[PDB]
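Presented below, as C-alpha cells, is a lone chain in the form deposited without 2-(2-methylphenyl)acetamide (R9S).
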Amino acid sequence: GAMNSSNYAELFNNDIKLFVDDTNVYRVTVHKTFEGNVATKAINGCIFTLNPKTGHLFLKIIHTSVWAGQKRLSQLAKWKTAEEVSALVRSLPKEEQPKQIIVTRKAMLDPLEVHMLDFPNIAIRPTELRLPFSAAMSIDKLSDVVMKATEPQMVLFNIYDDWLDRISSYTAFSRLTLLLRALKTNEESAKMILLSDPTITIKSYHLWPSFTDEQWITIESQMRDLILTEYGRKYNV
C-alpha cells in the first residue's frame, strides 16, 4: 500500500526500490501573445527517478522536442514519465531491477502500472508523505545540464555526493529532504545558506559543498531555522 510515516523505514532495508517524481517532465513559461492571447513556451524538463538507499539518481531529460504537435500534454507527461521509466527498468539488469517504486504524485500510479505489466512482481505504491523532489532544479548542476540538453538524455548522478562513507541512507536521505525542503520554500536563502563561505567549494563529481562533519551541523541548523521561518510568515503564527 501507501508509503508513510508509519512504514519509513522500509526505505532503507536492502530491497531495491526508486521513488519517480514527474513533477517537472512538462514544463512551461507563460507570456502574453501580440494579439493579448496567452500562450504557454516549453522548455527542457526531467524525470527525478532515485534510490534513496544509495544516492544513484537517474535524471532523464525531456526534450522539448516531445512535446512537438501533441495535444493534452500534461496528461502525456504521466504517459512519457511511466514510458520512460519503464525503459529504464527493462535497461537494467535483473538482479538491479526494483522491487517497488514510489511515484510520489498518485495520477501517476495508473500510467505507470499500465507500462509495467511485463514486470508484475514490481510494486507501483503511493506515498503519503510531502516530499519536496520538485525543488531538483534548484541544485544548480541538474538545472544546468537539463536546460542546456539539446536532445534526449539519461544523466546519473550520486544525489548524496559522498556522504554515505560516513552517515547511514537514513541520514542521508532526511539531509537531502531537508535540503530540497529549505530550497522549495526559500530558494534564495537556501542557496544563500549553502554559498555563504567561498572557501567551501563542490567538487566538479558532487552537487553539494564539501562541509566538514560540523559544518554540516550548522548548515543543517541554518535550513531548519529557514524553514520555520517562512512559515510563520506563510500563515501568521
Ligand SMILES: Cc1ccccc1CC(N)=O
Given for the second form:
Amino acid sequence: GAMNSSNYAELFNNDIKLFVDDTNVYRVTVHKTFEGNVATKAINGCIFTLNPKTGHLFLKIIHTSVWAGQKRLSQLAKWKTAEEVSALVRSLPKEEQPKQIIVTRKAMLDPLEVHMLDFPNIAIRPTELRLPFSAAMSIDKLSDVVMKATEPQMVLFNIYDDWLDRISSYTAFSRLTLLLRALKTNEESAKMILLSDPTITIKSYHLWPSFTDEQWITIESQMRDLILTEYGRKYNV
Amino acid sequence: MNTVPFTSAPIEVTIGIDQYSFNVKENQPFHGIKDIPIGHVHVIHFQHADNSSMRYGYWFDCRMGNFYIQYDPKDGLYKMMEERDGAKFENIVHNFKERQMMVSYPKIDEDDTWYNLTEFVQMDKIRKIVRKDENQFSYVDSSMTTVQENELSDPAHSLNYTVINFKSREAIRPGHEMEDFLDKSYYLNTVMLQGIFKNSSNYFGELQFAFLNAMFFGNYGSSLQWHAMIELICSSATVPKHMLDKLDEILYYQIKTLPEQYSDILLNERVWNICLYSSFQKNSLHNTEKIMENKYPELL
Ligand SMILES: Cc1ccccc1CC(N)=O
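To test you: the structure above is the form deposited without 2-(2-methylphenyl)acetamide (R9S). What is the structure of the form solved in complex with 2-(2-methylphenyl)acetamide (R9S)?
Up next: the whole complex, starting with the chain shown before.
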C-alpha cells in the first residue's frame, strides 16, 4: 500500500526500489507579453529517479523541445514521466529492475501503472512522506547539467557521493532528506552553511563537500537549526 | 398472451413479474400469472416473507416453450420448469383460468416501460451470460458473482458479463498509453463494439440486462457491470451519434423505473458525476441529465 513513517525501514532492505519525483519535469517562467497578457516560457526539466539503498540517481533531462506544439503540458508531463520511467526499467537487465516504484505525488500513480502494464510484478506505490526531492535543482552540479542540455539526455549520479563507505543507507538517506529539506526551506542559508569554510571542497566526481564525520555532525546540526529557525520565522510560533 | 401457471404457493412470498409485484400468503390458492405480453423477455422473481436473503428469479421468453413454477420443499425455493406435453399444459392453464386462480399481468395500454427497459435484451444473449444449457430459462439471484469479481469462486453459478478493465492491455495499445487512457474510443469502438459485441445492439442488451439484475436482485456485480458499460461510452470522444441518442433513452427509462429508496446503493456517485458533468458526452445525455437532476439531485 502507501509508504509512510510506519514502514520506513523497508526503503533500506534488499528489494530493489526506486523513488520517482516528477516535480521538476515541467518548469516555466511566467511573463507579460507586449499586449499585457501572460505567457509561459518552458525551461529544461528532469525526472528524479532514486534508489534510496545505493544512492544511484537516474536523472533524465527533459529538454524544452518535448513540449513543442503540445497542449495540456501539466498533464502530458505526468505521462512523459511515466514513459521515461518505463523505458528506464526496460533498459535495465532483469536482475537490476525494481520490485517497487514509489511516486512522490499521487497524480503519477495512474500514468505509471498504465505505462508498466507489461510489468505486473512491479508494485507502484504512493507515499504519505513529504519528501523534499523538488530541491534537487538546488544542487549546483544537477542544476548545471539540466540547464546546459541541448537535447534529451540521461545523466547518472550517486547522490550519496562516497558516504556509504562510512555510514548505512538509513543514515545516508536521513542526511540527504535533511540537506534537501534545508535547501527547500532557505536555499541561500543552506548553501552558505555548506560552502562557508573555503578549506572543505567538493571532489570533481561528487555533489557535496568532503566533510569529516565530525564536520558532518556540525553541518547536520546547522541544517536542523535553519529548518526550525525558518519554521519559527514563518509561523509566528 | 402467455401464462406461467403455479402448482401451488406453499410458502408466503412476494412474487415479481417484470416491474410489478404482489404478496401471496402461505397456502393461498394462487395458480399463477396470465396475459403476459408476447414479444419480450420476462423475469419472474421471489422474496420469501421469512427471509432477507433468498432473493432470486427466472428470465424467460414464452415463445421458447411452456414454463411453470413449482415449490421444491427440499431446496426451499420456487423453481421454473418446462412442460414438454403441450396439451397437458393447455388443459392445466384452462382449468386455473376458468377457476380465476391467476393474477393478470397488469399492463396499462399507454405504458411502454417494459419494452423500453428490454429493447435490446434477447433470451439467447442472457443464456450466454448465465449458462445452464439444459434449461431454456435462466436463474439469477442476489449473491451470484461475475467472472470479473471471481478473478479478483464456483464458475458454474457465475454471471459471464463481458470483462471491462480500463487498466488492462486489452484497453491500452502499446505506445498509445495516455491517448487510450484519457480517450477510451479505441477500447469502445475497435475492441468492444467491432471485436466482441459485433454491434451496439448486443452492447446495449448486456447493459440493460446488467441494470435489471442490479435492480430486481440487488446483484452487486451486475451493478458494477452496468456502470462500467456506461462509463466506457461516456469516456469515449468518438461514439456513433445514434448510439449516444439511444444511450440517453435507455438510461432515462432505467433512472425513471429505479425505486427512489435504492438510489443510495444502486447508483455510483463518481460514475454519474463524471458521465453527466466532466466526460466527453457531458452534453449528449439531455433526457438522462434532466431526470437525474429532478429525481436524485443529492447524489450529484
Ligand atoms: C545510476 C548509477 C549510480 C551510481 C552508479 C551506477 C549507476 C548506473 C546504474 N545503476 O545503472
